[PDB]
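Student: Take a look at the letters that make up each chain.
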Amino acid sequence: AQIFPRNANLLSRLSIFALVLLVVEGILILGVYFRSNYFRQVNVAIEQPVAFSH
Amino acid sequence: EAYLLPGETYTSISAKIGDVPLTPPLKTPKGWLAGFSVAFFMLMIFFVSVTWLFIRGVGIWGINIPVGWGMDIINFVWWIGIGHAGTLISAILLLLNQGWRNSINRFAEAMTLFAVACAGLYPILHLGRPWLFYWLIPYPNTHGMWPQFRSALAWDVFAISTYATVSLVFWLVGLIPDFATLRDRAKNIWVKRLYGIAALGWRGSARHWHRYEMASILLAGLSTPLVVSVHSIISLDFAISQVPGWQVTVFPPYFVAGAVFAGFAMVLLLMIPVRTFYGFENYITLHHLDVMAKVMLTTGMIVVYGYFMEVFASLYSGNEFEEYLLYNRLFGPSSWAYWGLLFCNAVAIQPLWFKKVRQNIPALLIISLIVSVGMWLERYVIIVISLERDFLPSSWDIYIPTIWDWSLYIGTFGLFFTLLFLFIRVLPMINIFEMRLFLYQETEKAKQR
Amino acid sequence: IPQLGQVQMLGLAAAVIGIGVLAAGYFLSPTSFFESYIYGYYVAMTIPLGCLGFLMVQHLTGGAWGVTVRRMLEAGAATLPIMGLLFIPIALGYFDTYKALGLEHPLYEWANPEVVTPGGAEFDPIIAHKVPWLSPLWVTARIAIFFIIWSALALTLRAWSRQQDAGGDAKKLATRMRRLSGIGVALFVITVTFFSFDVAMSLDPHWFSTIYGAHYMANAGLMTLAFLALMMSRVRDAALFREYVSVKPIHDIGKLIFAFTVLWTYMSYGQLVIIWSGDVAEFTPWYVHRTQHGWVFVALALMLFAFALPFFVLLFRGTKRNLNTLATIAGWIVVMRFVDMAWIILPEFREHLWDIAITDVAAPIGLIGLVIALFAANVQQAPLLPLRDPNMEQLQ
Amino acid sequence: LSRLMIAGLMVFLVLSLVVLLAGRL
Amino acid sequence: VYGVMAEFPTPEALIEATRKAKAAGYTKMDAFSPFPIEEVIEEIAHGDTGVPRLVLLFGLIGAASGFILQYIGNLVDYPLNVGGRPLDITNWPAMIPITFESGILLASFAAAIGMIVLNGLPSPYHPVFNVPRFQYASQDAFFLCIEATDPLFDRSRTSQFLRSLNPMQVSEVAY
Amino acid sequence: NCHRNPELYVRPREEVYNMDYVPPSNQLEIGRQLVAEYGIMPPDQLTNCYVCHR
Amino acid sequence: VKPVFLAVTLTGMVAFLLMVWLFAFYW
Amino acid sequence: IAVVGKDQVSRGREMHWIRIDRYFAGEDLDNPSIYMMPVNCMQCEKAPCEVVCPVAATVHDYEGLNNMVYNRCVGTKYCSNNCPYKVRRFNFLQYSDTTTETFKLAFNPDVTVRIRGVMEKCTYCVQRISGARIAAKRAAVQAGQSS
Ligand code: HEC
Ligand code: HEC
Ligand code: SF4
Ligand code: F3S
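For the record, the sequence lines run as chains G, A, L, P, U, Z, V and E. Under our numbering, the residues of the first sequence are numbered 1 to 54, in order. Under our numbering, the residues of the second sequence are numbered 1 to 449, in order. Under our numbering, the residues of the third sequence are numbered 1 to 396, in order. Under our numbering, the residues of the fourth sequence are numbered 1 to 25, in order. Under our numbering, the residues of the fifth sequence are numbered 1 to 175, in order. Under our numbering, the residues of the sixth sequence are numbered 1 to 54, in order. Under our numbering, the residues of the seventh sequence are numbered 1 to 27, in order. Under our numbering, the residues of the eighth sequence are numbered 1 to 147, in order.
Note that these hints are calculated values from the structure, not bench results. Some clues are possibly wrong.
Said to hold, decoys possible - With a Cα cut of at most 25 Å, we get these calculated BS3-like pairs of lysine-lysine:
{"id": "1", "chain 1": "A", "residue 1": "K356", "chain 2": "L", "residue 2": "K255"}
{"id": "2", "chain 1": "L", "residue 1": "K171", "chain 2": "A", "residue 2": "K445"}
{"id": "3", "chain 1": "A", "residue 1": "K447", "chain 2": "U", "residue 2": "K28"}
{"id": "4", "chain 1": "A", "residue 1": "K447", "chain 2": "A", "residue 2": "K294"}
Stated by the list, open to error - Here are the computed distance ranges between Cβ atoms for each label pair:
{"id": "5", "chain 1": "E", "residue 1": "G64", "chain 2": "U", "residue 2": "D77", "range": "16 to 26 Å"}
{"id": "6", "chain 1": "G", "residue 1": "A18", "chain 2": "L", "residue 2": "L309", "range": "18 to 28 Å"}
{"id": "7", "chain 1": "A", "residue 1": "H287", "chain 2": "P", "residue 2": "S2", "range": "54 to 64 Å"}
Here a beta-carbon is modelled for each residue, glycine too, at the ideal position from N, C-alpha and C.
Kindly produce the complete structure, drawing on both the sequences and the hints.
Tutor: And the structure:
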């Protein structure tokens, strides 16, 4: 009550919670990128110079 | 002698330790600016050294095929050993109920965190493929590969990580009450709310000090075997190998004693100017320096005991390789480091036995400097000399360090001192609530006569 | 005081029983007598040496636990000269007294003329390489010099502690003992390390360990700490403890027992992992014999009964504050310490768990009984807790 | 408060399911 | 409405004042001091902190997790033979360090986080701070407060009881 | 995955053609028999590093 | 209080399912 | 195997998987008997170089061979300090040629060309062992023997 509003007690705890979620989301995004079909070029029909149809 | 001399008051401790921080930026003393300028210059030397090491490679050092570990490991063991004494002061003395840890635990622990931060770069810098350091960490990968966990470098990764994290959370727990005292004296509104969220709104009260004291007791009781096991693992990395000079069974305690030896030397070297510059002669008295030099002398004697055990082992066994190890140390091409070892950490530590020398400040500064040089020479003798001449005589060569690993050394000194100068500028360098509690305890003791 | 007399009578009865069955085993077999007497001397030496070391350590760093058992540490350390006379039988073994007393071959390998002399029938170059150092004259001289140092330190400290009860306790008789303990600590570390090298490690001249000896100091420290906790529980109502001793010294000694238990486990594991991972053939035969012919079961029992069980029990704030519970744990620790020394010394002789004879159990009890009897006589000689001591204020 | 924490959880669950779908897109 | 304040000047006065209360029967009272008094602490907060049980639980989990990770990783999932070292439980050497370090980490984290959570420490705002001289509470200026949650709920009598005790200043702390 | 558990993916030598061929319902029994008949080595060797990397 | 303990519990298992999916049955 | 300069050999960074050692021994030492001895990887069944690499880049093979995998080495250089015979060579810098086209044409396509920061040692010419094993397995299944 000296230098802080009343809502800060809730915000501070919520901020710590939000921080943990953001950290977990960061690792998640990292792993999804290194296993995606764009990074590994999976299910991507690479265009050939002569357009050969198997 | 007494550990707290004058008739200090709780407000005397609060104002005297709080006046070092919270000083307006335009009122910063010129000595801090000169020291920070020197530390920043050496930090730029560090940046140039690391940049060139990344661009060219670890081949810029003097490491070769026989000596695959040079100063990139010596400076690592030296730095990681510097923080053992501060961890002992901030944790072991808390369990021992020693009253001379109240005025130096904050600065010492800060030295541990900064020394661990400096030592944490060599395991990445010396890698040769540094960006793959995370392969030593058990992480989910697209391959299915695990670290070996039977090598000592895997133990080393887990040890440094645990040591750094536990020392950081213990330091922050100890800083919380000082954060509260700072946000109570911060005056300015935006200097407040910064220490306020750092103090987490401490509101120093009962039902809170009880859990604080018990958690601090548990944390110190846990961090004591932590730092012991850390330096024991930094000893195991050489002791696990088959190198004649490296497979020595007394390495774990010898390394622990040597770490706290060099740590007390660095702490005395860095706390004497801190004591004599700020008006802290009432808190860091001469009895502090006396007992610290006594602990340093005891650890140095344990190191000399380790020297004798190595010599007895070389003379006791009939192995050609232990005998040649002793001969290569005594009269080899690198015998200069062994002679400097024997002069520094064995002859120069003897004057600490007496009382007049133990109460002299310049003698303590010179002895601490000589001890630090001898500790670097001891790590050199253990690693380089033993690695130069192995079992096959054809695989013998000499190790000559280059300029870049030296540049990394001075650079690590600059980063260490930059972090220390920032710490003494922002945060209080002496734990305040522990000092006023010590004053209250001395008042109660004088009441009971 | 009456409890101390009962302990003295029990120690005398255990000593005379052990000596009697030891003499019976000697008449049945003269060699096995000396083989067990070495182990008994090694295990009984831990109480006086650990008492002297802890006395000098608590003098350097004064505390409440140090003032609580200062007189008990002095009484335990004052038994060292009698222990030196008890070394005479072992010295007779490795001297020319063999071929008499029933010893066909000398008690130690480095004392057999067929081994250390070049051109002998059993010449071993590794053992003979140490022929000037490992000699009966040199070993006896080193042992006698160590005993002169130990007896001089213990008797001088005890004499100064007795004089402290007369006058001048603040200016002198407290700083003098501190400085003597300061130099004595380094002296005691060197002497005990080489004593452990000479008596026990020299049984197999093919193997050496640098950490060894320091393992012996931590082992002797744990034994004398559990012994102090037992004797504190015995004399807890001597009208001197009741008025000057609280639960804080008992809690500190319990914490010291816990710290020395994890310290001993840390040293033993350190030696094991260093020898295990580096599979050098010059250090492997030691851990081969201790893991063979059933000796592995002894090591596993030490791993659990002497580490995990004490570590978890003493982890709690209780069981160390209560003197009764701490004494019960100390008794289990003492029993385990006996087995640990058996695991280190007995394999060299018996080479089988079943080959362990009755004398291997007789000698430890027979010699510790004499140690307890002399300790009880020395503690009844003088009053406990030196009232005239500047550190006595730490008990308030 | 549990309401805000559950709300922040449902947001993290939605964001992650979108990221997981974008990986196998 | 939250409570009343005392602002006792010396630490010994806070001890005596807290002992004057409780005897009166006032409960749910807390005392604020710059340093742990160790005398007020035993009067109003005697019992288990709750930190130890968290440390032991997480520490044993940490040690078990480290041993399980090593055994599964190198002796089950991918059984690599390295230097002829055993792939059985006979590889129990070289599994102690990782296990020990993992247990210490979890136990230490639990103690620090537990002290914060158990105390409800993340509280930047508290009604107590509204009292003007509580800014000086960190520099001397010891305090004592009786909350409205006290069953007595005396209000003015509580202020008068605090006035009977010797206060530098009595204040009515509000939300 | 195949090197450690080849019973699930082995086929009875109709690989060049029979793109329409699909694993039979009793693939485990047929797979174990095919591994024994063709002498597919156990996972101890097939998981070695030098089988692939050199 | 008890509500937020349940909230930080559901948050934890949510993350585990998320993470376990990515590092196991994802590819 | 790459070719380093004279400057890199002066610092003891020659890359050779096999070496011959002469030892000039005997009386006089001015008319000495010369003893030539070839040394490569001994392929130790209990290889001390494998119990020290934290990333498991050096393991043992089913056939008793010592597998040294380049793409896993992080370069701790500990695998060499524990080698009693010192038969492991490290790419302290970038030694393999990249720009010259003719040198790229000389490389053997069955062996990876090492980059900076990895270790090398004698592999019993594993490319020939793998080729013979594959040929033996293929000849065994084509005849229906599973031998
Ligand atoms: C024996 C224990 C090993 C070791 C030490 C490594 N492998 Fe493998 N590997 C195989 C394939 C097809 C790849 C390509 C992966 C991809 O493209 O995503 C790999 C890759 C690796 C790596 C990663 C290299 C890098 O990221 O730079 C590593 C570190 C590695 N390997 C080491 C194939 C196999 C295989 C099946 C035939 C087996 C068995 C191994 N590898 C074994 C090992
Ligand atoms: C299942 C469809 C498989 C996939 C996916 C991969 N491999 Fe394999 N491999 C498979 C079989 C049935 C065999 C025969 C085993 C035997 O003992 O005959 C193999 C074997 C190999 C070999 C040769 C074995 C040897 O001893 O030299 C190699 C070199 C090999 N496999 C490599 C390899 C690589 C690199 C793969 C990923 C791209 C891979 N295989 C996948 C079945 C299957
Ligand atoms: S690299 Fe050295 S230690 Fe390893 S297998 Fe080859 S010779 Fe043996
Ligand atoms: S230590 Fe290992 S990481 Fe490479 S340098 Fe040796 S194979």
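Student: Give a verdict on every hint.
Tutor: Structure-based check of all given hints:
Distance restraint check for A/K356 and L/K255: the Cα-Cα separation of roughly 35 Å exceeds the 25 Å cut-off, and the hinted pair is therefore not satisfied. Distance hint between L/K171 and A/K445 is fulfilled; the C-alpha atoms sit about 21 Å from each other, no more than 25 Å. At most 25 Å may separate the alpha-carbon atoms for a hinted pair to count; A/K447 and U/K28 exceed this at roughly 32 Å. At most 25 Å may separate the alpha-carbon atoms for a hinted pair to count; A/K447 and A/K294 exceed this at roughly 30 Å.
At about 23 Å, the beta-carbon gap between E/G64 and U/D77 stays in the expected band of 16 to 26 Å. At about 45 Å, the beta-carbon gap between G/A18 and L/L309 misses the expected band of 18 to 28 Å. Here the CB-CB span from A/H287 to P/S2 is close to 55 Å, well matched to the stated 54 to 64 Å.
Consistency note: the structure conflicts with the earlier hints numbered 1, 3, 4, 6.
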